[PDB]
Amino acid sequence: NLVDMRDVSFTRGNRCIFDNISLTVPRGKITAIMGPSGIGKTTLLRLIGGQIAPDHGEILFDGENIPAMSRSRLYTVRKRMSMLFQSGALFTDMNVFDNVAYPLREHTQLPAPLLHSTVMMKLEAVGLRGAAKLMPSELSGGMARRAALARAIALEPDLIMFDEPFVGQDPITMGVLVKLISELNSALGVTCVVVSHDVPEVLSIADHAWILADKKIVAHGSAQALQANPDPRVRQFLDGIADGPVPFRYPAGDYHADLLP
Amino acid sequence: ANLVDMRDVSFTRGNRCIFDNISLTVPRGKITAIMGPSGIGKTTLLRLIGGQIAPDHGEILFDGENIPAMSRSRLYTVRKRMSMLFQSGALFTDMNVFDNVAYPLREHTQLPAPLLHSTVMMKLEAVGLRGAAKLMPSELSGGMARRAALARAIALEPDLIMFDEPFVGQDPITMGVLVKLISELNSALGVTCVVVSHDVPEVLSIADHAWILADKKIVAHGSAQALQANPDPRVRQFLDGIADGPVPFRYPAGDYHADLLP
Amino acid sequence: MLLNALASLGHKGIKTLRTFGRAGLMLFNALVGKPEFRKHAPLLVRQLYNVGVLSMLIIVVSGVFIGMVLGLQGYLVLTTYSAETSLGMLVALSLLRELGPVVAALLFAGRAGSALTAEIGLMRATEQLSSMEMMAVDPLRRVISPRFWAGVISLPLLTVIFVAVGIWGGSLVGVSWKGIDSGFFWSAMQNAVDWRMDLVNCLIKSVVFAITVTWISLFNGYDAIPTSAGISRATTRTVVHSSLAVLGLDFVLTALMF
Amino acid sequence: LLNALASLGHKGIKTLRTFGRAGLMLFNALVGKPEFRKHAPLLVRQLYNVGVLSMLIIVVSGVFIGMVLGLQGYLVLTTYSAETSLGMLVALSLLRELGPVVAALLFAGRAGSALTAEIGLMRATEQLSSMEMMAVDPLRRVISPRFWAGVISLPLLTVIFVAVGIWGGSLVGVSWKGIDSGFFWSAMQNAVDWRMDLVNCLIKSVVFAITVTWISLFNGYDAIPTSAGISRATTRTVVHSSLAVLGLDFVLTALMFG
Amino acid sequence: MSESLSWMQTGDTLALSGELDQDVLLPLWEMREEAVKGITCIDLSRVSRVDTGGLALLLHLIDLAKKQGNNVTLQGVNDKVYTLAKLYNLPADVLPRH
Amino acid sequence: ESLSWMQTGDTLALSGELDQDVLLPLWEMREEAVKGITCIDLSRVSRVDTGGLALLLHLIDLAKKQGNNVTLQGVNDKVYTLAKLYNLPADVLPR
Ligand SMILES: CCCCCCCC/C=C\CCCCCCCC(=O)O[C@H](COC(=O)CCCCCCC/C=C/CCCCCCCC)COP(=O)(O)OCCN
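Residue numbers (the authors' numbering), protein chains in the order written: chain F, 7 to 267; chain G, 6 to 267; chain E, 1 to 258; chain H, 2 to 259; chain B, 1 to 98; chain C, 3 to 97.
It is possible that part of the hints are untrue.
[Unchecked claim] Label-pair distances were calculated between CB atoms; the ranges are: (1) E/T85 with H/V252: 25 to 35 Å; (2) E/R38 with F/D245: 39 to 49 Å; (3) G/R21 with F/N71: 52 to 62 Å; (4) B/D79 with F/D245: 20 to 30 Å; (5) B/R97 with G/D245: 28 to 38 Å; (6) H/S176 with E/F20: 27 to 37 Å; (7) E/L6 with F/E162: 54 to 64 Å; (8) E/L157 with G/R239: 31 to 41 Å; (9) F/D13 with G/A229: 46 to 56 Å; (10) G/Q230 with B/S48: 52 to 62 Å; (11) E/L17 with G/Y81: 52 to 62 Å.
[Claimed, not checked] Taking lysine to any residue pairs in the SDA-like style, the calculated list, with each CA pair at most 25 Å apart, reads: (12) F/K85 with E/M26; (13) E/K34 with E/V137; (14) G/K47 with G/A263; (15) H/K34 with G/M75; (16) E/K15 with H/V61; (17) F/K185 with G/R241; (18) C/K86 with G/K222; (19) F/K221 with F/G41; (20) H/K15 with H/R237; (21) G/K139 with H/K34; (22) F/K35 with F/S210; (23) G/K85 with H/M132; (24) G/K35 with G/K222; (25) G/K85 with H/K34; (26) F/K139 with E/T254; (27) H/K178 with E/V137; (28) G/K85 with G/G19; (29) G/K85 with G/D164; (30) F/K85 with B/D21.
In case anyone wonders, no lab produced these hints; they're calculated from the structure. Note that CB positions come from ideal geometry on N, CA and C, so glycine has one too.
Pulled out of the complex, with its shape left as it was, chain F reads as follows:
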């Protein structure tokens, strides 16, 4: 089945973000909703969790509706999403060991000798077991997203939403974050919705792809079917060039009044 929205239309006070988009991914399959910068890629994952209410549309999640349930029903569905963010979403007043155990200290009923053994093996999967006593201010940009990935798998979720991972990192730790999703899906099994813009780093493990252009879904498919697709808007994003639908220049006058008046 599908766990994302069906047909929504998000519109702000001045500009528009989405206009009759559709998302469909099977359970346990990694999808990749790609798109250029400037558009609302961050606010796309907020409609699934229920942070903001859309104007016209509905989000189907296992036969339910996100903007139609109450406040007590929204907290039950939110216990199995654990949306990962772009920057480091770690609390500065606590260390790494208390950040991962923070969903475990208010939802689970595990005792103190049992909770110490659960966090210590969750950090071993992301490779941050020795940095459990360090501060989040001492961590770098690559280790901050890996510490939030262990916090995301604390309550055993069913739909992990990655909000622009490895956006400005070196290719040494960029391949680690790609490899961390492959071990969290082939060994456990979880649907991953990853939004990004880089082509050759997300079309390796994801089985489905989505292209958003001009506030609409222009194409879809797989990692191999998206290469052989004749389209002026699709072939500009993949294998990025200067020409295409982007006119490469700002809309100006006659080039005779500003220059040489």
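Let chain F serve as the given structure and place chains G, E, H, B and C with the ligand on it in line with the hints.
Same frame as chain F, but now just chains G, E, H, B and C with the ligand:
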């Protein structure tokens, strides 16, 4: 000939070390790409060439003349021939894009107001930001902020433009613009460009001599085509996007039998 | 002009009305609900350090500077009639009516008022409030509720430290320096002050000023835009709106009680 | 002895180089080549966000402090026949201690926090580092017009705070409670004198303008270029200026007023 | 409800039935002193979902048995246990593969 | 280094180097050189930057007001390699 040649400097910042012994020569009229992992002093490497900071050991020269061993008035005379740009797109907030590009050549040169209006529109047309000259820099995006700083960098006709990690987090539409902008300004103007970004498959198509900066040393000095056939574990792990290698990713600290099951 | 001036003034009238509507809904959704006295008990003492303990340095060393200035200015104009039995009145009476809860509130809005705005605004830019509501209880009753109750306790408590030091600070320019027979300084200063006029009435102004300062300090950090310039813009508006709420309510409480 | 008990370190070497960094920041921004025509549009542009924009929190707050000075100056002079000396308390308080001290706390809150946020955002976006590269000094470009703007604004904003606060006492003293205008202004015009109330109000307004502007321009220059260093230096600007205005208020009153 | 354990003790056989969730571990956490008293046979055959919560108590029943010198093994364990051992990098002498 | 023009009335023989600091004797004294020439000579120049290109296009546009067709002869390679970079259209710089 060469321009800088990067004599042996250390720049020990009290607690931690930045460079041990580096040799990053810059040939004239080429594209010197210095790629490396994050967390090291890649931003402060360009500050040693411009003369904003002084190293501890050794020296650094620029076109024959030494940078730390010179007067303050002579350092400001040779610093206008570089005109480097930054990652965040450093533009002035109080003025728009038109007086941003017209800022360095107003107080230095003596061009009149009709000749100044016919000069900013030349540089804004090469980057594609002519119609946005009457627009604020705050409402601009992250991609067009780097193109407005590139037109400001070519105002005083420099000789060594230092790109402080461009297109680090941009969309591939904008990433295809800034690659073509260096290829059309290096052949026409004849200005040396230095890129210190870590995007490996993007800057290697335009560079003429790549440089790998890892573990505060120079482990590779090959070209853009000879870098793919370098039998070294510290170079092969940085390229091609792999996870494991000489760099530890598991963070080995403490015994696993002590933390688990206490 | 009629369709342009009314539209520009009408646009700012709704945005002003929507500003108070978001501040009322933020305080109402942070005080009522289920009782969590066992969970907020380690969270209240943690927020009592950066509000009450860290703001004690700006009050103690400035408390001896208020009384030394007020004790020196209030002496040379009282020597024309009687040097003895002076400086007990006009110093302790002034530090319990106008000075005191007003002067400590400008030090609370500058030190603790600007820090609580920059703390919530930094967590909004780093996506900490949105990440807490996506997995657990929403941060309206988790990080805002212990920060609101910490301001209505510390500022009534820090005003008593500002009064007792400033009274002793006024007893340093009168005793052991141009002395005024300090046996006459006591047993007549106590006859001027009394309960429900100077002692309890000082505590009335401290609770009222603690609410109107911490409300704007927790709303500007919550309504700021998640960027580097929006936190610095909301930090400037916290000191502005609290100075007009302390000096503005100073005329309200003086004409009502005194 | 070698550990943190006695020779703890990082307190004699540290926080003393910052005094040397603040001394070199002002000496290299004020001593140089005379550029009068170059800094002439920069002084007018930096006078709007320093002197003009800070005039809003002084006019509406001058009548707030000016009215409570007349409310508290009435009931304390009932049994002393000092009803004709109603301007004796309002004018003398707002020209000696109130005035240049209270306006300096509003200058450090609005203009002091904005000057720290302005230079701090320039270093975070590397605007000062890019300005330094194009053959010009960033010290005598943005710091030097901001220093001379803040120096000449605070005595020009104190006289507005005095005249509004005196008129604020006239609306509560002459209009209300029935005091004669001939008896009110006779206690102000030919009662207080020159060189004690008028010159000394302008002497301490200049020294308070130098100390606040030097602190606000140093915390914005010596800061960490990140999102948390600007908010930390904005908080430290109000703390360091409130202890310097109130700290020098006891120092400056040693010569004048007896 | 499906969240239950219902452990049965036949002297030297511990057949952990039901479902190893994160909330039914409390009856077995207080009664763990009798499940290491000379067993040498840990059976997990009637389980269907063994997450990281139930795997933490599964390592506790082996480590407390090693203090008394036991030889506990895994008899017919589910395939979801072994695929989580390679993810969390479990070492030897704490969870036997055979 | 100087920008002394050998204007005899039909050639406008511009000599020297076109830099961003020697345009002052030619910009102010420009009304007495577009008096029906239909010719601009650029054979004795080698460094034509974007500052000197703005003064070059000013001499052609003032010739179009009086009806003069400018034919550039002996031009350097630096002028043509900057017209395609700055996207110079037709009828302002004859190729
Ligand atoms: C013998 C009985 C005398 C009267 C006893 C009762 C007096 C009660 C007064 C206290 C209650 C009213 C308080 C009003 C507010 C006072 C505050 C004040 O005066 O300003 C102080 C400082 O004091 C001054 O401003 C100096 C005042 C100088 C007064 C000069 C003499 C005034 C003459 C009035 C009496 C007339 C004398 C002539 C004889 C006739 C009457 C006997 C502020 O200090 P800062 O450090 O600047 O605060 C910074 C943070 N806001």
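**Which numbered hints fail** = Violated hints (numbers, rising): 2, 4, 8, 14, 18, 21, 26, 27, 28; every other hint is consistent with the structure.
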